[PDB]
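Number of protein chains: 6
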Amino acid sequence: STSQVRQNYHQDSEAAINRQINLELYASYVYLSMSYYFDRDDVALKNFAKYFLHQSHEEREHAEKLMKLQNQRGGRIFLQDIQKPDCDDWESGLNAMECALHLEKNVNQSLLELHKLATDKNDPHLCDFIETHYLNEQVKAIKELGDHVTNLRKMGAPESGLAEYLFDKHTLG
Amino acid sequence: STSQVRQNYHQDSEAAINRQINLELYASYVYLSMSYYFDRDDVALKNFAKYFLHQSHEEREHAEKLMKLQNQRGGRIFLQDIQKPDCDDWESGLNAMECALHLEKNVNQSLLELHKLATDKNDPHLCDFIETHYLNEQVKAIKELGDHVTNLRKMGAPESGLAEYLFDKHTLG
Amino acid sequence: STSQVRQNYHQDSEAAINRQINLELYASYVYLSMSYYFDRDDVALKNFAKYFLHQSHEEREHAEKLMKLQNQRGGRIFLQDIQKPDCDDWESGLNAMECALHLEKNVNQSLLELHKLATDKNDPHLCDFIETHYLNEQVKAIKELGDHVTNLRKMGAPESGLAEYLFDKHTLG
Amino acid sequence: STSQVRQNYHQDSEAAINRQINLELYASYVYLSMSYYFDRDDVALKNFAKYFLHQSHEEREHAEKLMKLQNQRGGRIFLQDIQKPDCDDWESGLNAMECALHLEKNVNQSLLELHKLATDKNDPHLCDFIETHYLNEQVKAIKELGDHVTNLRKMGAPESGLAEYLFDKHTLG
Amino acid sequence: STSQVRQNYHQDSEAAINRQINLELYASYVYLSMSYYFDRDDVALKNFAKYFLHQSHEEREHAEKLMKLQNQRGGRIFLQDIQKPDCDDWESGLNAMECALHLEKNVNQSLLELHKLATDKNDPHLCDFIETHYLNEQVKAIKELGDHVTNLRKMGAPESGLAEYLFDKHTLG
Amino acid sequence: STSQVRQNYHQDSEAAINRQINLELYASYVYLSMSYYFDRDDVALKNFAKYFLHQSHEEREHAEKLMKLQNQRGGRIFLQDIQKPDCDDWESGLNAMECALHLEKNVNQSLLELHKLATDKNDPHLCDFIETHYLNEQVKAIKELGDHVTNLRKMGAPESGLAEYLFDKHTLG
Ligand SMILES: [Mg+2]
Ligand SMILES: [Mg+2]
Ligand SMILES: [Mg+2]
Ligand SMILES: [Mg+2]
Ligand SMILES: [Mg+2]
Ligand code: NA
Ligand code: NA
Ligand code: NA
Ligand code: NA
Ligand code: NA
Ligand code: NA
Numbered sequence: 004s005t006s007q008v009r010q011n012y013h014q015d016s017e018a019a020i021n022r023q024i025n026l027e028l029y030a031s032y033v034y035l036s037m038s039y040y041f042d043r044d045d046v047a048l049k050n051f052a053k054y055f056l057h058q059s060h061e062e063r064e065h066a067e068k069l070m071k072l073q074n075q076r077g078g079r080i081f082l083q084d085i086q087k088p089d090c091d092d093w094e095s096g097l098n099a100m101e102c103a104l105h106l107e108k109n110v111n112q113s114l115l116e117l118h119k120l121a122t123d124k125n126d127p128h129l130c131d132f133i134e135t136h137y138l139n140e141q142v143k144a145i146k147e148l149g150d151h152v153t154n155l156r157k158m159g160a161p162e163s164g165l166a167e168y169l170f171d172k173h174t175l176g
Numbered sequence: 004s005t006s007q008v009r010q011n012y013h014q015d016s017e018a019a020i021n022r023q024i025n026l027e028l029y030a031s032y033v034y035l036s037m038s039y040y041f042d043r044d045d046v047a048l049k050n051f052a053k054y055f056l057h058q059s060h061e062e063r064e065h066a067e068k069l070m071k072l073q074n075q076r077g078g079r080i081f082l083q084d085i086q087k088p089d090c091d092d093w094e095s096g097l098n099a100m101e102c103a104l105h106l107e108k109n110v111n112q113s114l115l116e117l118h119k120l121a122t123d124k125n126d127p128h129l130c131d132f133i134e135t136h137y138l139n140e141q142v143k144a145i146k147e148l149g150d151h152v153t154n155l156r157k158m159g160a161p162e163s164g165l166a167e168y169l170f171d172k173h174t175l176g
Numbered sequence: 004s005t006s007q008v009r010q011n012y013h014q015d016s017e018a019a020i021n022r023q024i025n026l027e028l029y030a031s032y033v034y035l036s037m038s039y040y041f042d043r044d045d046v047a048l049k050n051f052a053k054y055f056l057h058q059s060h061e062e063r064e065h066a067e068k069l070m071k072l073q074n075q076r077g078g079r080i081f082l083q084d085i086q087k088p089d090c091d092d093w094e095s096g097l098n099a100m101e102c103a104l105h106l107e108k109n110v111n112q113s114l115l116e117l118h119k120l121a122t123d124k125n126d127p128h129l130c131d132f133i134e135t136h137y138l139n140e141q142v143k144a145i146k147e148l149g150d151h152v153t154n155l156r157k158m159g160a161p162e163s164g165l166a167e168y169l170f171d172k173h174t175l176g
Numbered sequence: 004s005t006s007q008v009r010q011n012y013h014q015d016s017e018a019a020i021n022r023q024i025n026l027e028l029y030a031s032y033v034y035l036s037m038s039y040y041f042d043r044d045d046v047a048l049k050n051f052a053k054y055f056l057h058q059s060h061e062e063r064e065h066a067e068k069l070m071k072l073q074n075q076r077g078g079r080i081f082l083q084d085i086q087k088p089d090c091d092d093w094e095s096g097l098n099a100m101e102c103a104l105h106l107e108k109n110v111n112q113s114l115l116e117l118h119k120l121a122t123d124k125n126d127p128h129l130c131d132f133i134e135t136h137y138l139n140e141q142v143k144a145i146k147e148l149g150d151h152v153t154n155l156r157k158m159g160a161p162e163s164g165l166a167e168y169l170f171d172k173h174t175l176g
Numbered sequence: 004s005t006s007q008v009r010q011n012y013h014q015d016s017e018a019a020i021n022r023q024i025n026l027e028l029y030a031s032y033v034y035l036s037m038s039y040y041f042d043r044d045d046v047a048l049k050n051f052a053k054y055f056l057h058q059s060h061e062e063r064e065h066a067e068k069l070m071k072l073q074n075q076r077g078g079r080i081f082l083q084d085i086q087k088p089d090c091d092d093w094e095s096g097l098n099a100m101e102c103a104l105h106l107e108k109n110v111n112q113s114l115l116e117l118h119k120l121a122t123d124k125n126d127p128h129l130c131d132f133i134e135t136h137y138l139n140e141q142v143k144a145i146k147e148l149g150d151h152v153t154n155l156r157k158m159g160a161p162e163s164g165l166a167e168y169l170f171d172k173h174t175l176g
Numbered sequence: 004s005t006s007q008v009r010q011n012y013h014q015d016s017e018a019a020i021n022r023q024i025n026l027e028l029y030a031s032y033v034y035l036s037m038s039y040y041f042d043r044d045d046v047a048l049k050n051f052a053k054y055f056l057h058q059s060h061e062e063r064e065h066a067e068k069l070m071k072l073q074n075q076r077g078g079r080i081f082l083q084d085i086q087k088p089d090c091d092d093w094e095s096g097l098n099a100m101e102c103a104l105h106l107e108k109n110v111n112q113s114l115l116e117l118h119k120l121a122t123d124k125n126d127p128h129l130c131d132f133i134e135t136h137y138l139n140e141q142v143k144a145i146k147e148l149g150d151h152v153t154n155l156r157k158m159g160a161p162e163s164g165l166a167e168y169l170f171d172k173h174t175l176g
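Residue numbers (the authors' numbering), protein chains in the order written: chain 1, 4 to 176; chain F, 4 to 176; chain A, 4 to 176; chain e, 4 to 176; chain P, 4 to 176; chain X, 4 to 176.
Just chain 1, with the same shape it has in the complex:
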């Protein structure tokens, strides 16, 4: 039953990877929802829509890289339901950016816990995988989202629809 390739790969690490795969797919689905919210005729912020669609695809890529990891190490992927996002209506560009920031920080926290587990199980390959492909990506994403939220707030979002319009044009466009 044990994979011929498996070496120094703890069952707990395998399970945590499966959980991270689900979380990445969940994040992808959240971003998809946000994108198409901004595509609504009564919201109509095309560059917000594009920004979040790109993020959705990137999150899918992250999940697939974790699946590849799982198979490389000889673990077995076990997929779960991808839960629907918390909202259907994201209310504003600013609110969407804040929710994205919160999501990214949650994903980062899960990654940090994964790293802690890898460290505890003396799995340096897994640790460096997380470090190389995930942690800096998260730090960058969080910094970018924080920058966006800051600009929107200073511009006067969400009450200034002009604010969101011009942010859509000049930052996200």
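Any given hint could turn out to be false.
A pair counts as met if it fits within one copy or between any two copies, since identical chains are not told apart.
[Stated by the list, open to error] EDC-like mimics (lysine to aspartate or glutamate), calculated; alpha carbons at most 16 angstroms apart, straight line:
1. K53 with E67
2. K143 with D45
3. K119 with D131
4. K53 with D171
5. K71 with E17
6. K71 with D44
7. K157 with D171
8. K68 with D131
9. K108 with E140
10. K157 with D44
11. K119 with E17
12. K108 with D126
13. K124 with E17
14. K49 with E147
15. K143 with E61
16. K68 with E17
17. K108 with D150
18. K157 with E101
What the hints contain is simulated information worked out from the structure, not anything from laboratory work.
Let chain 1 serve as the given structure and place chains F, A, e, P and X with the ligands on it in line with the hints.
For chains F, A, e, P and X with the ligands alone, kept in the frame of chain 1 given last:
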């Protein structure tokens, strides 16, 4: 509350589109599972893996086009959980192809019912959307999968691991 | 008297096509009026002017394609007066966009009725002509105009002349 | 016995497709006859000959696309004898064009009946296949042939051998 | 109420320009009718059709340039109904050319009266606008149409359908 | 009644050419049937299908060259019904290749008889036409088909579906 763009778009059609979006996302997730099954070290059919990964991405594209439709017509997207696939282990190239064929026929049946609803609601735009973007795509996908299943069976899959190996190389490669 | 090419083309369909030709020419004339309203020295929104002039030419193209249809089927074109637009003065970028949206929805309703007639007369060629060349075009135009109206309103049009200025620059330019 | 790919494809539709295949092959053979009539030394209208030969090959393509359809849907092709054309000697450029027009209208009528059957059997894929690939093609072919017949008649065919000569040169050449 | 740009622009000139705009749009519509007459399957003179369609578009360009003039001078455009053309059926290539010649001479007469008004109101800008953009254009158009009519008549139009055929090919093609 | 170009062209030769035209069209139709047999979802040998479709088109070309011959010599083409092929279902790649070989040998025998007739009628032009365009073509086709049949048999067709699969890939692909 009614969208400014909405015209000749029945609530039942809107709901059916939301169901189709979920079904397309489900199909994408099924194909993702199959792809990474073939990426396992104890299965190791890279071109099967690639074939199903491509199909997964294509299904995601189909879902996104339906979401775009929904917003174009002034309906509102309501996302649901994406259920996990029926299997974790797809057993063989042939079995995966047969399950894919079954899935594609189920998706096609749902599309046909959607078309019937559009027709009943006298929604020619929706009918032609389905016709143009979905129905022929489905017919082609079903024919291709049937061709694959036929070849694998004639070659001697799934007992002939040589059969699947050579199919992976010569058809899917 | 009956055209040598005519086949499965009902008199009622022919008459409805003649009405649609007139409606398309009318829409082209409305858009022409709007364009040159924005060219006034006391309005001076060049990109609004360009947007509506492009729309005018596109509507002319639609009418000409219907005339070509009529001759292809062996019907006979009967032209009518092109009525002058409802306004000389369109008041604002937002008001013009709202009137354009209303016009586009009226044109769409007429197209839907034309499709219904074709269906009732079992004229699949005519149905698919309408579907292929007109219905999606209308859906897109309505969605775009709705997006424009939404943005202008959120920006603060028509009281914010800055709003219309910046929309002219960043969206229509 | 039922094809693994077959879905929503009525036996009556399958039979009608087989009949249409035969009709398209028949039309191809008629045009072949006309082409080589104009290649006779005592007729000697090379561009008529080329025009009808092109039409013959196009009709063959139409038949082959229907065969491909049949297999795509999981129906089974049953071929029949291709009947010889009604004439060996087509008498004149004008007479050939009139017979071609009559043939094209007969083919169109058969296509319309096929569409009606598809509609009655709620086969939207088949309907849109016919609509996309056949109906407009027929309308165009009929209009072109009607234009040709009109010009020949106005020029003075078939008594003015100069008429046919110059039509061969300037229209068909 | 007076435009900030208006200078040396008499109310009578403004009104005459509005009348000329309507006349140019009328001429465009007449030429459109003629074009699609020649597109009929029972007339079938493609190059006549093209010639008149080009003329239609050119006349629309003339109208739009007058509208631009009106706004440049600070007058206000007031559009009127575009009357339907005098005929639905233009009978022959020659008859259409003669009606076009008559139309062009009427347009020219109106332009000459406009010039006379400009001169009487000491509006040298308007005079030179008319001179530069319109008068020579009209002279050329009238000369060309007269040349066409002369050739058709000498060839034997409209009784020689060969005449019109060959004119369509060699002059208009 | 006798063609102005006819010289040294016996009535018996003319009749034999008409028979050969029909036989070539028959062969084309047989190959068409075989091609689309291999396009079936339950057969699914794309390169067999392509091979036989190419052969079908080549046979049509042969028939058309014979028609051109007939007119060049001043004979008159008389077309007959094209009989349907002997089978609807060709059973296997090997069986299809064997039937094709048999067909090609029958066509060759008919050509040899045609040559014998030409020789007996002292028609060296006809003899050399047959020699140049047909006889070597037939010899090559027969040799190729024999090679194919030999390979399939040695590989283990038709019981080894792997055999036909790999032949389709490596020889016909
Ligand atoms: Mg490190
Ligand atoms: Mg700005
Ligand atoms: Mg359709
Ligand atoms: Mg000449
Ligand atoms: Mg020799
Ligand atoms: Na991520
Ligand atoms: Na799909
Ligand atoms: Na339109
Ligand atoms: Na056809
Ligand atoms: Na003019
Ligand atoms: Na042959």
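Hints versus structure:
no.	hint	result
1	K53 with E67	between (21 angstroms within a copy, 12 angstroms between copies)
2	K143 with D45	between (31 angstroms within a copy, 15 angstroms between copies)
3	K119 with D131	both (12 angstroms within a copy, 14 angstroms between copies)
4	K53 with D171	within (10 angstroms within a copy, 22 angstroms between copies)
5	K71 with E17	within (12 angstroms within a copy, 34 angstroms between copies)
6	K71 with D44	between (39 angstroms within a copy, 11 angstroms between copies)
7	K157 with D171	both (14 angstroms within a copy, 13 angstroms between copies)
8	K68 with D131	within (14 angstroms within a copy, 20 angstroms between copies)
9	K108 with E140	within (12 angstroms within a copy, 31 angstroms between copies)
10	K157 with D44	between (26 angstroms within a copy, 12 angstroms between copies)
11	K119 with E17	within (14 angstroms within a copy, 21 angstroms between copies)
12	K108 with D126	between (24 angstroms within a copy, 15 angstroms between copies)
13	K124 with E17	within (11 angstroms within a copy, 25 angstroms between copies)
14	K49 with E147	between (19 angstroms within a copy, 11 angstroms between copies)
15	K143 with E61	within (13 angstroms within a copy, 23 angstroms between copies)
16	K68 with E17	within (14 angstroms within a copy, 32 angstroms between copies)
17	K108 with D150	within (14 angstroms within a copy, 32 angstroms between copies)
18	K157 with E101	within (14 angstroms within a copy, 20 angstroms between copies)
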